[PDB]
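> As a plain string of letters, each chain reads:
Number of protein chains: 2
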Amino acid sequence: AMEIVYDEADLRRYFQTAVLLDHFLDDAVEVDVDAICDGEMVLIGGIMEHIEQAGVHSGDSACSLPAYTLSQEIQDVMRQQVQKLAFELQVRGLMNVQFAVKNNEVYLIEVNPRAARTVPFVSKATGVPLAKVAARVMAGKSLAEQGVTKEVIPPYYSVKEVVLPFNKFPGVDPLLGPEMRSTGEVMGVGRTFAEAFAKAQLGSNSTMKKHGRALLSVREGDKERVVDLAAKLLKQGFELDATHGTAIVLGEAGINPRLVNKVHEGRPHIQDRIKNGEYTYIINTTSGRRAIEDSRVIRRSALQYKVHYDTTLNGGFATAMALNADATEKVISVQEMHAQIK
Amino acid sequence: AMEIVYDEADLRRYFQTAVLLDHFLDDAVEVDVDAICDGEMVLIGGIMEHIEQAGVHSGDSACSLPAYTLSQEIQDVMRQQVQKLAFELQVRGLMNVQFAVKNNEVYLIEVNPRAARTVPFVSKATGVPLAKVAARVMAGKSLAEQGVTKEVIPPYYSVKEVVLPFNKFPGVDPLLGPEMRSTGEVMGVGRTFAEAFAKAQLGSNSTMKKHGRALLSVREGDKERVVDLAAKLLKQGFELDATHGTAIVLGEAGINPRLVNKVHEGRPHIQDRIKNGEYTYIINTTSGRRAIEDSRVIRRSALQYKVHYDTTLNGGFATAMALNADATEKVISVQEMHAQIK
Ligand SMILES: Nc1ncnc2c1ncn2[C@@H]1O[C@H](COP(=O)(O)OP(=O)(O)O)[C@@H](O)[C@H]1O
Ligand SMILES: Nc1ncnc2c1ncn2[C@@H]1O[C@H](COP(=O)(O)OP(=O)(O)O)[C@@H](O)[C@H]1O
Ligand SMILES: NCCC[C@H](N)C(=O)O
Ligand SMILES: NCCC[C@H](N)C(=O)O
Ligand SMILES: [Cl-]
Ligand SMILES: [Cl-]
Ligand SMILES: [K+]
Ligand SMILES: [K+]
Ligand SMILES: [K+]
Ligand SMILES: [K+]
Ligand SMILES: [Mn+2]
Ligand SMILES: [Mn+2]
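For the record, the sequence lines run as chains G and A.
What the first sequence shows, in the authors' numbering, is residues 724 to 741, 750 to 1073, in sequence order.
What the second sequence shows, in the authors' numbering, is residues 724 to 741, 750 to 1073, in sequence order.
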């Protein structure tokens, strides 16, 4: 069990219902790095950039390989850092390192000196049987001996999306967090990140549509970025609805969504609309034990009515990008994929 | 002093701060009727339909002569009632009768058996020197004897608008009500009501513009009619701003105004907006001691910053109509006006 606490009051509050204390790196990009070390050298197996930010369990985040936003300069650091760790820890086989990038700054989240659940995905993306190799390394056959020394960077985009069990436990708030709840994952391959994500998204059983009306109800910290997303949704032909505070901000930017009522506000309210299959998309971000408990109805309704929803703005952006792609336009075999690698 | 109470709780409330009790005729048209009685006949001097509903003092209302929305059928009833009254009360010279029309039904508000302040405006509009005629009647010369026996209905519209002293007492809520606060009045002459109104309004020192951004903030009981008004302003080329509840209503009608925060809501709020010259027009209707006192800010700011504002929906419609006219287009002299009378 892990929880994110925002203020002093919040602290106690936890403590009640309730030890390591760690500063929470807000508005940070989470990254996964799987590599192999034989004591001589380090092979970077893969650098994966999570769509959802730090604060949403890596196991429940979608991810990209290669990274789709991160600078080469920054990857390189992470790359260097790993290597440092790999030798220091005396890693012999597979390892995994999780970072957080905030303000062009690389922070260390943790190091797992073993095979991580990311391995298979990378293996598939890169064509390198990381598990086998590392195995061979563990048994005494160096990377140099294996002829696996250079890090592979694929020509295409490899996106991993997860599947959540919420529909099996309705009394639960289908909301992301620091604790992992997913049971499985899917993989999307595309020429473009937008194409890969669209494949992964569909693959994950999403009910996202390429039209209709979107509901936007984001948290403060997001109110500022929501604008561009609304704009993207608007470019696509979506009609917008928005709750008070978010409508305010949109409006202030030249965007007038249709104002909707919260549940305790009037009628109809969001639940009603959701229920009536008024939406095709819902973006809903929240921050705070209270804010969360209070928005619980949106999410529960959304899940129940099968409306694709995102609980992260990062995730909303990706959903948006993918509207530009066509998941059924082109198919490629794993064999072909791997053949494309130089 | 006079006040309008809405519910039991409201009654006590008043009582505290605080007797003739009268049912208030909501959503009713107020009408003024000036006439002369010589004991033999009754001369209808004029039938003036106010713009502002009953509840807003006749002295503080703009008015039209002739009526601009009242059926001939209904007027005729009021004309017959005035007659009945004239003879019954024994009037000899001037009289004024006040009615309220609600649901096609004529209701009597009061009878002033003397010269009313509307007498000069009616004389002007009609070319008939009512005070001079009623004076002769009082002195002994009948209507028949002076050859003033038929009611005059001018070929043009005559609108009267008032001037209020709120700008002299800033600590005062510049809102209309059952008590008269106006100091003076102006007259507008036009080929149509819209033209007469425009001239009256301009005449009144209104800072109304034909473009810009309007702010709509209406009461429940008005949220239905507001839509049409919102549309009218839209047709004109105005951009709309509105508060929550209003925005909700407009939204459901397909009109998506730019959301604006009430003062307690956040930022920016109307006060800020008004202060920063964003609006060129304001429509704010309010009902209830509490509702009123809360909305006080809008009105005060509107007056301080010199934005034209209407505190009645009926007023807003009239303002709307006059946007279609040009009060500088054509001028006419009183001698000319009177010469057009047949
Ligand atoms: N300091 C932190 N700042 C932001 N997010 C963090 C922080 N520590 C952990 N997280 C988030 O919580 C997740 C779980 O943390 P982690 O220590 O790796 O847990 P686990 O033991 O389950 O592997 C991360 O994948 C990340 O999204
Ligand atoms: N029963 C009523 N229903 C609606 N409006 C009314 C009613 N009684 C009075 N009013 C409003 O109050 C104003 C003043 O009432 P009135 O009896 O004429 O007082 P005063 O002697 O000052 O003229 C009217 O011009 C009208 O706007
Ligand atoms: N990979 C996380 C699941 C995505 C889900 N639509 C959410 O945003 O909650
Ligand atoms: N006829 C009364 C003055 C009108 C003023 N603009 C108001 O609506 O309050
Ligand atoms: Cl359950
Ligand atoms: Cl004052
Ligand atoms: K993450
Ligand atoms: K761990
Ligand atoms: K009136
Ligand atoms: K009176
Ligand atoms: Mn972890
Ligand atoms: Mn009166």
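It is worth saying that the hints were derived from the structure and are not from the lab.
By construction, the Cβ of each residue, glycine as well, lies at the ideal position given by its N, Cα and C atoms.
Treat the hints with care, as some may be off.
Unchecked claim - Only some residues are given here: those of chain A computed to face chain G with a beta carbon under 7 Å:
(1) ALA978
(2) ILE979
(3) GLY982
As the list claims (entries may be wrong) - Looking from chain G toward chain A, a few residues come up when the C-beta cut is under 10 Å (computed):
(4) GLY770
(5) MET772
(6) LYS881
(7) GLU882
(8) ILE884
(9) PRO885
(10) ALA973
(11) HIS975
(12) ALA978
(13) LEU981
(14) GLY982
(15) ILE986
(16) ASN992
(17) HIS995
> Of all the hints given earlier, name the ones this structure violates by number, lowest first.
4, 5, 6, 7, 8, 9 and 17
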